[PDB]
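Chemist: Listed here are the chains, written in short residue letters.
Number of protein chains: 2
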Amino acid sequence: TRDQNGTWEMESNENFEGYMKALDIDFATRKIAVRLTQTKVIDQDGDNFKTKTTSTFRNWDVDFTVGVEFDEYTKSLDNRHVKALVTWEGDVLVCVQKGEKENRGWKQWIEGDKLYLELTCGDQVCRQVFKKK
Amino acid sequence: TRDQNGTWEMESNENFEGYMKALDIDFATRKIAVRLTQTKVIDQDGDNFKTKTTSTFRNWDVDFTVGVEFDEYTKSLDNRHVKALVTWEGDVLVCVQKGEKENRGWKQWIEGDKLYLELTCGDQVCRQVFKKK
Numbered sequence: 001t002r003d004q005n006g007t008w009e010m011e012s013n014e015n016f017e018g019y020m021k022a023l024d025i026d027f028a029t030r031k032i033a034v035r036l037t038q039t040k041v042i043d044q045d046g047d048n049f050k051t052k053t054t055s056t057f058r059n060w061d062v063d064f065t066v067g068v069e070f071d072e073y074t075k076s077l078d079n080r081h082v083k084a085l086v087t088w089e090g091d092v093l094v095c096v097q098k099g100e101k102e103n104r105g106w107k108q109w110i111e112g113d114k115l116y117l118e119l120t121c122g123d124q125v126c127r128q129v130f131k132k133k
Numbered sequence: 001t002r003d004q005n006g007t008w009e010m011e012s013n014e015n016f017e018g019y020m021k022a023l024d025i026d027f028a029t030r031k032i033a034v035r036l037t038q039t040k041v042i043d044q045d046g047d048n049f050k051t052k053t054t055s056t057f058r059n060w061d062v063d064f065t066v067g068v069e070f071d072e073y074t075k076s077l078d079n080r081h082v083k084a085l086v087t088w089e090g091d092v093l094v095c096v097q098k099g100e101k102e103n104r105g106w107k108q109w110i111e112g113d114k115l116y117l118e119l120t121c122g123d124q125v126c127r128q129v130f131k132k133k
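Sequences listed follow chains A and B, in order.
Just so you know, the first sequence maps onto residues 1 to 133 in the entry's author numbering.
Just so you know, the second sequence maps onto residues 1 to 133 in the entry's author numbering.
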């Protein structure tokens, strides 16, 4: 068959390292890439192909009660120990991660179908916006 | 509303690189980590939160037509321009990617119920096998 439409989930990836090394890809990237399970979506119409590939990377859990300090270990980032405390500032969920970095925290709030998340550290601020799935 | 329950899919991420740099995450990691999208699942009961955040790598979509040589920029991988030309050899889709690297290309075919992708660069071959979802 020439019909390759579908969503395809990787079962094996033999010698991806050798191939990546032949393309001169740096060790930091190869070390992650070698382990990832890729999902490839092919939308094929005759001899036209539209593809995209995605791969899960990391999962992390954070659980807390508002107003109760908790220890957090930021493994999916910088892997530091912080003592985090979250409050409601109006309707915004506000967290301060107390530790070796000055001015570190995040704030999160809903406006209809959107969730806004602002993350800070020192003089830098990151803004992420999420849509309900 | 204080109700942030839900599954939330990232639609934008501004200045993640600055935030990471402020956290002292190394350049190599930021070049990678700045390529991730996130889904956040919030399970909230009053002031008690359980959140699970998952990161995903999403590559750039491609569109090609069998027979039509085109400029492919290999954003996911080694960030090179190659002149890719995909043809059918029987029921095997065969691609030669002309560029800096010799013998670089891939072959993709259905066998039984699985999709096989063989990627070559020089003397290195990577063999991926995917199952249909």
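Mixed in with the good hints, there may be bad ones.
Stated by the list, open to error - Listed below are the simulated PhoX-like cross-link pairs for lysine-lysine, each with C-alpha atoms no more than 20 Å apart in a straight line:
{"hint": "1", "chain 1": "B", "residue 1": "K83", "chain 2": "A", "residue 2": "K132"}
{"hint": "2", "chain 1": "A", "residue 1": "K101", "chain 2": "A", "residue 2": "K83"}
{"hint": "3", "chain 1": "B", "residue 1": "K50", "chain 2": "B", "residue 2": "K83"}
{"hint": "4", "chain 1": "A", "residue 1": "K107", "chain 2": "B", "residue 2": "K52"}
{"hint": "5", "chain 1": "B", "residue 1": "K50", "chain 2": "A", "residue 2": "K75"}
Rather than coming from a laboratory, the hints here were simulated on the basis of the structure.
Chemist: Hint by hint, say whether it matches the structure.
Modeler: Consistency of the hints with the structure:
1. For the given pair, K83(B) sits about 39 Å from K132(A) by alpha-carbon distance, which is inconsistent with the 20 Å threshold.
2. Of the supplied pair hints, the one linking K101(A) and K83(A) holds, its CA atoms being roughly 12 Å apart against a limit of 20 Å.
3. Proximity of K50(B) to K83(B) is assessed by CA-CA distance (about 48 Å); at most 20 Å being required, the pair is judged violated.
4. Pair hint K107(A) plus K52(B) holds up; C-alpha atoms about 17 Å apart against a cutoff of 20 Å.
5. Pair hint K50(B) plus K75(A) holds up; C-alpha atoms about 17 Å apart against a cutoff of 20 Å.
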